[PDB]
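Asker: Listed below, chain by chain, are the residues.
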Amino acid sequence: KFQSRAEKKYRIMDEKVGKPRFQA
Amino acid sequence: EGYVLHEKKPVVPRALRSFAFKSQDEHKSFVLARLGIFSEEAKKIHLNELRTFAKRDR
Amino acid sequence: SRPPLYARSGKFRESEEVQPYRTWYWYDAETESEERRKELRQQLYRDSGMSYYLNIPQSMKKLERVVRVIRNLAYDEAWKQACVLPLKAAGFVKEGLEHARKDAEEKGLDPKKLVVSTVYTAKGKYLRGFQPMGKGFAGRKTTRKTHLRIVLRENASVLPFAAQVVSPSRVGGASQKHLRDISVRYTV
Amino acid sequence: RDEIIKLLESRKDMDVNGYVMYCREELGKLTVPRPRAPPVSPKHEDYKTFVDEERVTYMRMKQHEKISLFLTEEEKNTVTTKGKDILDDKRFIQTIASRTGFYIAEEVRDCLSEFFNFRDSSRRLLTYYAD
Ligand SMILES: [Mg+2]
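Protein chains in written order, with the entry's author numbering: chain Xi, 8 to 31; chain Ax, 122 to 179; chain Aq, 68 to 255; chain Ub, 103 to 233.
There's no promise every hint is true.
In silico SDA-like cross-links for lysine to any residue, where the CA-CA straight-line distance does not exceed 20 Å [as the list claims (entries may be wrong)]:
1) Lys26/Xi / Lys192/Aq
2) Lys164/Ax / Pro71/Aq
3) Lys192/Aq / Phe159/Aq
4) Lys161/Aq / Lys105/Aq
5) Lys212/Aq / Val24/Xi
6) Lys176/Ax / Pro71/Aq
7) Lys26/Xi / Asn139/Aq
8) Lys169/Aq / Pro27/Xi
9) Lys176/Ax / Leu107/Aq
10) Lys192/Aq / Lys8/Xi
11) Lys169/Aq / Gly25/Xi
12) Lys169/Aq / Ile206/Ub
13) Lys165/Ax / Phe159/Aq
14) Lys105/Aq / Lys131/Ub
15) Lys105/Aq / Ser139/Ax
16) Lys190/Aq / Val218/Aq
17) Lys164/Ax / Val85/Aq
18) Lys155/Aq / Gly25/Xi
19) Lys105/Aq / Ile206/Ub
20) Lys168/Ub / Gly158/Aq
21) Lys169/Aq / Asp190/Ub
22) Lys105/Aq / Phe174/Ax
23) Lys176/Ax / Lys155/Aq
24) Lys26/Xi / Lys78/Aq
25) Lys149/Ax / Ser139/Ax
26) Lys165/Ax / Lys78/Aq
27) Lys192/Ub / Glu173/Aq
28) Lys26/Xi / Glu173/Aq
29) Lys78/Aq / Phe159/Ax
30) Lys128/Aq / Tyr193/Aq
31) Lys131/Ub / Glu176/Ub
32) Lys190/Aq / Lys169/Aq
33) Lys26/Xi / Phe159/Aq
34) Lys150/Ub / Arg75/Aq
35) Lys176/Ax / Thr254/Aq
36) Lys23/Xi / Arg75/Aq
37) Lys161/Aq / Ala31/Xi
38) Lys78/Aq / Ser139/Ax
Bear in mind the hints are in silico, worked out from the structure with no lab data behind them.
Work the whole structure out from these sequences, hints included.
Answerer: If you want it as structure tokens, here you go:
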């Protein structure tokens, strides 16, 4: 509940990358 | 009736496969490291790999 | 509109035509390496439905609870079983079954004859962590991930299991239990 | 304002042949760029994030013209009429690429897509200037 403002961008990118998906 | 008719390829035990293909694996690493992927040798290796994958579908 | 086939298959009879290989290259070495791998995969699983689901936030043992129920069953039966199981993993298995069937139809297979012929899991990349314990000791805190692969084939050997089906509760104007005549039960 | 509105009114209903002429006009007004080197050495972290935007704009407009010249008249009318439904027709796109014998289905689809994007952009602007 106290996440840093200077790393908001990097948390967003990790959330997008670490999602399930089908290969090709 | 002749060698060609009765010739068969033996099946390599799973535990011995890292020794039967050691030379071929080294060569592919040798070619890509020194000549690059935009090379005539690299293209030949890729074509042979396509043949092996295609035969898996039986 | 299938991807090109660049070599003969291993089937007894050939069903497609081999096409000449491309003569152009990709601009970068990284792009060229990635595309060669994609071409290799396109030579496989022809005349069958396949799916490959990556980075499921579950473990091998949790996924095997559901997968062991659907092996060697007809597609219709397997799909129904995955719906009724109240497990978080059952949701991912259901998505894979639908994705694979859509793949089979694009290849020109009849969905009414599909059978689940192969299913297995594969290890993903793990998120490592640590949790403290008593008296200064420490332990592991790991989040696991797994890959799921499903293959559907036509007229493959299948199990005879079949489930009975009943209708749900009738609610609305379609329910007519209030028209029952209870005067008959007073007679002999 | 009014001249802009008239141009946008015509552009939103423009066909593929019109798009080819459009591309030719944009190229006619363009000075052809030389390729530019990245600002840093190969070991630098930004080496691979460099994009030669000027070269790409030129190359892509040239590609649009070349693909539209393999596309037949019946196909062009089908494209103008279907919009998104042409872009999602893989058999159509594959046929064009096979006829070409060089460009691939992805390139063909992007060229057709930009034609439609041009028309859609003109409609959005038309509302802006007209209102
Ligand atoms: Mg302490």
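Asker: With reference to the structure, classify each hint as holding or not holding.
Answerer: Structure-based check of all given hints:
| no. | hint | verdict |
| --- | --- | --- |
| 1 | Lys26/Xi / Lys192/Aq | 12 Å, holds |
| 2 | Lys164/Ax / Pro71/Aq | 18 Å, holds |
| 3 | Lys192/Aq / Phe159/Aq | 18 Å, holds |
| 4 | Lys161/Aq / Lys105/Aq | 26 Å, violated |
| 5 | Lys212/Aq / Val24/Xi | 14 Å, holds |
| 6 | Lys176/Ax / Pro71/Aq | 15 Å, holds |
| 7 | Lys26/Xi / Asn139/Aq | 29 Å, violated |
| 8 | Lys169/Aq / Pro27/Xi | 18 Å, holds |
| 9 | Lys176/Ax / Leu107/Aq | 11 Å, holds |
| 10 | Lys192/Aq / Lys8/Xi | 27 Å, violated |
| 11 | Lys169/Aq / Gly25/Xi | 25 Å, violated |
| 12 | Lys169/Aq / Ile206/Ub | 24 Å, violated |
| 13 | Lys165/Ax / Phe159/Aq | 40 Å, violated |
| 14 | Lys105/Aq / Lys131/Ub | 40 Å, violated |
| 15 | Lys105/Aq / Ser139/Ax | 25 Å, violated |
| 16 | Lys190/Aq / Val218/Aq | 18 Å, holds |
| 17 | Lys164/Ax / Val85/Aq | 18 Å, holds |
| 18 | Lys155/Aq / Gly25/Xi | 18 Å, holds |
| 19 | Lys105/Aq / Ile206/Ub | 16 Å, holds |
| 20 | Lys168/Ub / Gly158/Aq | 47 Å, violated |
| 21 | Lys169/Aq / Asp190/Ub | 16 Å, holds |
| 22 | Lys105/Aq / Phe174/Ax | 12 Å, holds |
| 23 | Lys176/Ax / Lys155/Aq | 38 Å, violated |
| 24 | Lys26/Xi / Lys78/Aq | 37 Å, violated |
| 25 | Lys149/Ax / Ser139/Ax | 15 Å, holds |
| 26 | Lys165/Ax / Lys78/Aq | 24 Å, violated |
| 27 | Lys192/Ub / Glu173/Aq | 12 Å, holds |
| 28 | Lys26/Xi / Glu173/Aq | 26 Å, violated |
| 29 | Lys78/Aq / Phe159/Ax | 33 Å, violated |
| 30 | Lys128/Aq / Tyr193/Aq | 15 Å, holds |
| 31 | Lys131/Ub / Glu176/Ub | 30 Å, violated |
| 32 | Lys190/Aq / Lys169/Aq | 25 Å, violated |
| 33 | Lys26/Xi / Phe159/Aq | 13 Å, holds |
| 34 | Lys150/Ub / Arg75/Aq | 39 Å, violated |
| 35 | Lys176/Ax / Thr254/Aq | 78 Å, violated |
| 36 | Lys23/Xi / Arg75/Aq | 40 Å, violated |
| 37 | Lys161/Aq / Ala31/Xi | 19 Å, holds |
| 38 | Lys78/Aq / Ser139/Ax | 28 Å, violated |
Violated hints for the displayed structure, listed by number in ascending order: 4, 7, 10, 11, 12, 13, 14, 15, 20, 23, 24, 26, 28, 29, 31, 32, 34, 35, 36 and 38.
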